[PDB]
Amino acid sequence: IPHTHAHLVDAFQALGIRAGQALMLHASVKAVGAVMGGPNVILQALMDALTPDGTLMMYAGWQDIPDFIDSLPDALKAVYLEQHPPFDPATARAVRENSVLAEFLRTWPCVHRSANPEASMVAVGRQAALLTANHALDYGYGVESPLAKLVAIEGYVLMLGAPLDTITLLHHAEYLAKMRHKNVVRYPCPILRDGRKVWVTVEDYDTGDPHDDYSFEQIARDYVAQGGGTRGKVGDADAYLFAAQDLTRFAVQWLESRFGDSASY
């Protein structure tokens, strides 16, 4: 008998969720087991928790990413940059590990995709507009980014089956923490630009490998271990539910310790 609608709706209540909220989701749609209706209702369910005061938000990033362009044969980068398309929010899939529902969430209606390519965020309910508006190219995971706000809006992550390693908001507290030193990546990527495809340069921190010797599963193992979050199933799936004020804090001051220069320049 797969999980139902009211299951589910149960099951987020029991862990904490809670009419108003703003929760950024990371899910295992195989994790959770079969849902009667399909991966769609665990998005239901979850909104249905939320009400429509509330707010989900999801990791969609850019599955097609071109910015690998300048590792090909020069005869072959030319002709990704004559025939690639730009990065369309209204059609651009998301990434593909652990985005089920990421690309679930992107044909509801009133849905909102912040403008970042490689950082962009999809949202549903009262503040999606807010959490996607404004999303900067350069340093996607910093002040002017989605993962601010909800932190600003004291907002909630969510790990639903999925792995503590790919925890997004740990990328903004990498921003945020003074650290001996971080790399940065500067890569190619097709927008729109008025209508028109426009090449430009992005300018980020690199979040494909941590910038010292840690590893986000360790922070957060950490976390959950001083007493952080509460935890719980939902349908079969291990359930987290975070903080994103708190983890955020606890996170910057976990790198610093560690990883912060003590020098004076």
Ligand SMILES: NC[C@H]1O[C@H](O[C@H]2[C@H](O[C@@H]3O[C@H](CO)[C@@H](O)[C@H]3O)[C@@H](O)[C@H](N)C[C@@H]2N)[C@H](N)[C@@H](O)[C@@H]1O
Contents of the next structure:
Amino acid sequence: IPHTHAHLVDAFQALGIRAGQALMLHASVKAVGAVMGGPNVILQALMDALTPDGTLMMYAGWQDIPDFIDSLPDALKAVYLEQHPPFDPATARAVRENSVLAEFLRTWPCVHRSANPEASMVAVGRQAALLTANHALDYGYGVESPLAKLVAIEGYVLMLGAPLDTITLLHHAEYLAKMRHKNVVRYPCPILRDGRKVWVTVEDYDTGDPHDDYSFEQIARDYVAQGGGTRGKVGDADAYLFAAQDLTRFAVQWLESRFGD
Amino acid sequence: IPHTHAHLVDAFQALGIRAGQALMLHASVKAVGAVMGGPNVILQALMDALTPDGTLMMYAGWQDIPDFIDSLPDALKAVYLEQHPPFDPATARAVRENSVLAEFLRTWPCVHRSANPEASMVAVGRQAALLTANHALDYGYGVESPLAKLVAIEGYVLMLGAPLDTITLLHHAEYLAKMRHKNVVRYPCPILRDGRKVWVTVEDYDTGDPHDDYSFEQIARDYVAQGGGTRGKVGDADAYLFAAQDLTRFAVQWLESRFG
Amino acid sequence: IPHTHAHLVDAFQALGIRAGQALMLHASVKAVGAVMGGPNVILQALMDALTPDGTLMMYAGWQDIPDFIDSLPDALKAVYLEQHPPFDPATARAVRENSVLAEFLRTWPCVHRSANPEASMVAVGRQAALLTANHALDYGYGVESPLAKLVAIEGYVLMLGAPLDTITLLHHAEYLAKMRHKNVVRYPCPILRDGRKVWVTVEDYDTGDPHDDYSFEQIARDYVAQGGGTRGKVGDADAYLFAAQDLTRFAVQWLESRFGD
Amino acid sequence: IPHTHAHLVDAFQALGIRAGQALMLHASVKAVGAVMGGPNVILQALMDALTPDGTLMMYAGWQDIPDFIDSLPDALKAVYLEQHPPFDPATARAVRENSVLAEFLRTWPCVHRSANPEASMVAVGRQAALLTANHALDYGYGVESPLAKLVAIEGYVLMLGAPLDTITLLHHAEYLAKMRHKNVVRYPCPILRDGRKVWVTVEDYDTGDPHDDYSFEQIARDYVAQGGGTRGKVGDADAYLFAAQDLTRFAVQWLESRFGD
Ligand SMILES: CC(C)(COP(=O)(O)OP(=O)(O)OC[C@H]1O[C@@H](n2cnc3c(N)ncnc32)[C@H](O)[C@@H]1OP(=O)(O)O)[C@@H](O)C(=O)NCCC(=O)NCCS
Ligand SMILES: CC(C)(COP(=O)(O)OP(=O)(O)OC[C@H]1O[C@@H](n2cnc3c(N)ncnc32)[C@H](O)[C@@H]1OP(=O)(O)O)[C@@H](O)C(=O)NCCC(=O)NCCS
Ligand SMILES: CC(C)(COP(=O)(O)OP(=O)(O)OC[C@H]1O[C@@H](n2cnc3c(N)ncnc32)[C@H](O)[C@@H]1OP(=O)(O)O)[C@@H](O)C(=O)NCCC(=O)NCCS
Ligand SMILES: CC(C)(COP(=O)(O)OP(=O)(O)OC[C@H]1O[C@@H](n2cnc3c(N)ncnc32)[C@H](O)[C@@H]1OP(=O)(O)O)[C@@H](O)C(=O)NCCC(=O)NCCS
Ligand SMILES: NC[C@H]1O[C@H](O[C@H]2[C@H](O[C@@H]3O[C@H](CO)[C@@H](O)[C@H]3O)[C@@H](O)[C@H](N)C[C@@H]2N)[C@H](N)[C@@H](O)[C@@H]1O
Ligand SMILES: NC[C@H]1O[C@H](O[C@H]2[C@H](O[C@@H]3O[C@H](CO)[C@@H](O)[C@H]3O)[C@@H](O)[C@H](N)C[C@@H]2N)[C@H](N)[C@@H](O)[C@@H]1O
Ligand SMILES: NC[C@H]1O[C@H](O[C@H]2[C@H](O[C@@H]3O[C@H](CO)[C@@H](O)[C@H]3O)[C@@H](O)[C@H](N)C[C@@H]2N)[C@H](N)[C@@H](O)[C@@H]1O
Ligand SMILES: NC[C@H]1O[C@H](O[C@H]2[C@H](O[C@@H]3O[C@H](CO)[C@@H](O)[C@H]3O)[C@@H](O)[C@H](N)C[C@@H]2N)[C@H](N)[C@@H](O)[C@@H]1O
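With the form solved without the ligand already on screen, would you show the form deposited with the ligand bound?
Now the full complex is given, and it begins with the chain already shown.
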């Protein structure tokens, strides 16, 4: 009754997932429904469809990032600066709202993790080191990011029962697009440097709210409506498979046509 | 008859300015009235009362600091990033609202200027290098600032027809005071590093608005009312002379009792 | 009698070269022996084993870099400052001792060349632009170098009859290693800036002599002795294939255990 | 016969010492000759000429710093790591070859001491806390040092029968100067961190030998020969009074003209 590994492998393949692809996954475990062996089998089935020559990536981030401390009373901020642990990539837990699957992949054998705390990506497979390498602290969805590299190697994005609003790649499209105005955020973050905690200022485009009157769901819905991507069932979940290069190109043109200067 | 150099020196001495003091000036040229020789003579008369063993300092800042570029359209901000000049302490003009006297002092012979663009101070005299040295870019009114040093050497603040709301030293009291919440700002600024332009992020407490329900004029008036400072006329101007250490102590206690 | 293209491809594959790898080559043409078609066929056979989704990189440097002029009399120095040509990446010849194969690759179609004159790297393939981008003038074997990026994307080093003392990647290990003594040098170099010749000063760790009592031969031989890398014949040449990340990690530990904190 | 407090005060004033100056002293007690009350009176007379508005600073260092332990056998090194006391600024004795006057000033009432063990400075007076604050452990004669601050506040250096080779400020000139070769060292040191002994590694330019073919004696003699500073007798001692800013500028130009870019 629960979905089997073999059936999930074939369901992923039916969508168009092929040996050797680099793929970034957004998922809802509940949407897929009961799997025989639990969410590990979702990851393993996807890895098997990709084969060891492919690569699987997820957005992990950092569940406990203390980027809000300026909003606290001064005396409480002082305690955070002294007592909050730094981002340690070996232990920093994935953002829970990024799916438990991101935390499962973060702790998978042979995983690689990128160094930007807020934008941290985890990946397993042939190009996992490449995708996660040299992730700049500032503008973490920009040109020196795993999203840029995913576009460059013509990777894919799989939404597995995940809302279309959660496509992290579209923050890279926001970065690229010549828009009339984008909101810049600067926030403190503790990191490790020579094995010691250092608080640094991170600069980035706001990724919590859009820069103008749009949503990622709207961009993705328009992409699908004009023939973009493939769609199909995986377990109980509605799934969408997008080519990163074409989706990014479409999204940049979409933003610039509506909100450019 | 326009006010003379001698009459200004004498009025400065009558108010309590003494040889060897370190003094930070806030002024209105218009409030002083016509001076024989112009605003140079205000500066020179004050320097003469201080003698070369004293020191005179003003808050210059940078009139053209482009700290607002994040609010501009992205395409315009890109042009600023490419074309706006960096803070060059040799040429960066003083904020006009800090008085033309601050720009006059900034271009005075033997002046020293501190390196923080937004908070830049200029000084002439025996301790001018000391006061302006190693002015940190972040928290420019804090521990690594000319204001901290002015307090440490028990200097003075002279208000020469300037409103009591303009006492820059009270931003140092804000920095020191343990208050429930202070607003932190981070803003971009172009500077010179190894002779090349570099854009850096500056972090500071907000100095454009108070951190709570107060004004500097309110603090200063309360200080005067409880016997703080000396008052007198210099030219046509109402003048106030404050000890930096006592005013800072008072303002920190004032802030902490109300907002701590 | 001469080695054929097909036999060289087979030998590279037997050694462990795989499609998609990013590979840095050190070679001796003489050690390989006569090849049917000459040294071009060595490069093409290696590129074929790597496929277009792989990358081949070599250290080119600049045969005629005038980094020695501070030692000359002022009058001769003035002539160098006036008359020596700048580093032009389109024409600057590779160091002859880096093998003629480095000069052959530098002039190969679709090559990318990194901008640091003394440390210039040349590469052909899918990650060639990535590896050669933004190569800082200072500390050219350091954090901003193609060697750092080769480690970060988990590339490989192939020794094709080249002595183990010539592994340029070990200068990156010297840069990373925390050691009791380092020599820092500053030297002059003419470059092109806005189409004009400009003399700049480059700061780097000394790469002409070791920083302490060791040799690269010593480190690499120890690496092999503990099971590092794979070995085999390619043509007449003894070949070694090393993982860049594992060799660098080993060499940093080797240096730090003897001269470190 | 023994020099009196009053006659030292007069001699310091005749040399050019003035109220309010920040002054770094290098001294020989024997060169001054017998003082009525002993070396305390040298320090007190100098403080009196400076007044409490002035500041007197000396290089104390740490007589017992175990910065040499990497050269010992592993077994003896092990005992040092276990048993050597940490740098405690309250008790760490001044280097004996820095003059007993440095230890006398280190134990003077109201003294402030900078935190860098090897480069520790002690000071008494109005800018004593300023000069000694935030003395970084790495590059202790560099930008984050009391010597940098002495230059910035336009202080002075007084040589009181001390050899001209002993001007510690010239290590700051070495740090600033752009030079063809520098030696960088890393050495161990035990310090206090949250009241517990911790061993750290300090990185600095070598200050035990020059970076090139020069001595501080040469630089200082050349400075004096071109009119730098003021000279006079204090007690039996030849004294020199130098402006820290002018001497540092001269020394940096001297080094860069001979060994610079
Ligand atoms: C928010 C969102 C993750 C919620 O989806 P979800 O299916 O409810 O949550 P998850 O995918 O984390 O799965 C949670 C379920 O995994 C199940 N599960 C199975 N084994 C588990 C295990 N060892 N440990 C924990 N949970 C386990 C549990 O049933 C758990 O549900 P429960 O806590 O209610 O018992 C989803 O709507 C979504 O948005 N996904 C895309 C997220 C994304 O990629 N965001 C990018 C940034 S915008
Ligand atoms: C805002 C404030 C400066 C305005 O006072 P003000 O007397 O009108 O202005 P200034 O002191 O700059 O003097 C300007 C006058 O100097 C005169 N002046 C004389 N010689 C001059 C010269 N060579 N060049 C320019 N102006 C000259 C001019 O008459 C000029 O007035 P005008 O342009 O209207 O003709 C004053 O109210 C104030 O706040 N002073 C304190 C400022 C301060 O210290 N702020 C700290 C940060 S909060
Ligand atoms: C120094 C070293 C290159 C010498 O090896 P080598 O085989 O003698 O020299 P090369 O690899 O340059 O091959 C030269 C041969 O290529 C041959 N060749 C074939 N076609 C050629 C052509 N069109 N043009 C020139 N030479 C050609 C020639 O026989 C030439 O030898 P020759 O000039 O004596 O006739 C080798 O010992 C070595 O150290 N390799 C590693 C180099 C390195 O990577 N260094 C990194 C910095 S330490
Ligand atoms: C090395 C140098 C200090 C030797 O000078 P010195 O006059 O022989 O030594 P000191 O200045 O330490 O004075 C020591 C004398 O102080 C006298 N003294 C007086 N009271 C004393 C007391 N309570 N306790 C100890 N000594 C006392 C003693 O005569 C002692 O000499 P002694 O042990 O032979 O009896 C001197 O040549 C020098 O180089 N000074 C500059 C040092 C410097 O600043 N170095 C910076 C780093 S390069
Ligand atoms: N792609 C649109 C999404 O925006 C928000 O999630 C973003 C997230 O926003 C955070 O959400 C927290 C509060 O929910 C804040 O701390 C924010 O920083 C941001 O910090 C990440 N860098 C990227 C995430 N995409 C929304 N939470 C999500 O529901 C929505 O689908
Ligand atoms: N706290 C009282 C004072 O605050 C403001 O001046 C501050 C000033 O704030 C600017 O004032 C402008 C409003 O005209 C804004 O651009 C602000 O950025 C800030 O740039 C300086 N760092 C410190 C100045 N004290 C007031 N201008 C001044 O009139 C008043 O006396
Ligand atoms: N570390 C091992 C290697 O070091 C030297 O080659 C280096 C080379 O050194 C030059 O060669 C001369 C002899 O050392 C120096 O004077 C420099 O000009 C240097 O310029 C490059 N930056 C890197 C090269 N690896 C050796 N020449 C080389 O044979 C040896 O394999
Ligand atoms: N500035 C020149 C001076 O160098 C030496 O003293 C230096 C001292 O050098 C040590 O002294 C040992 C032998 O000289 C070295 O091994 C170092 O550890 C060094 O540790 C300090 N950081 C700075 C001192 N200046 C000389 N002791 C001194 O006589 C000479 O005049």
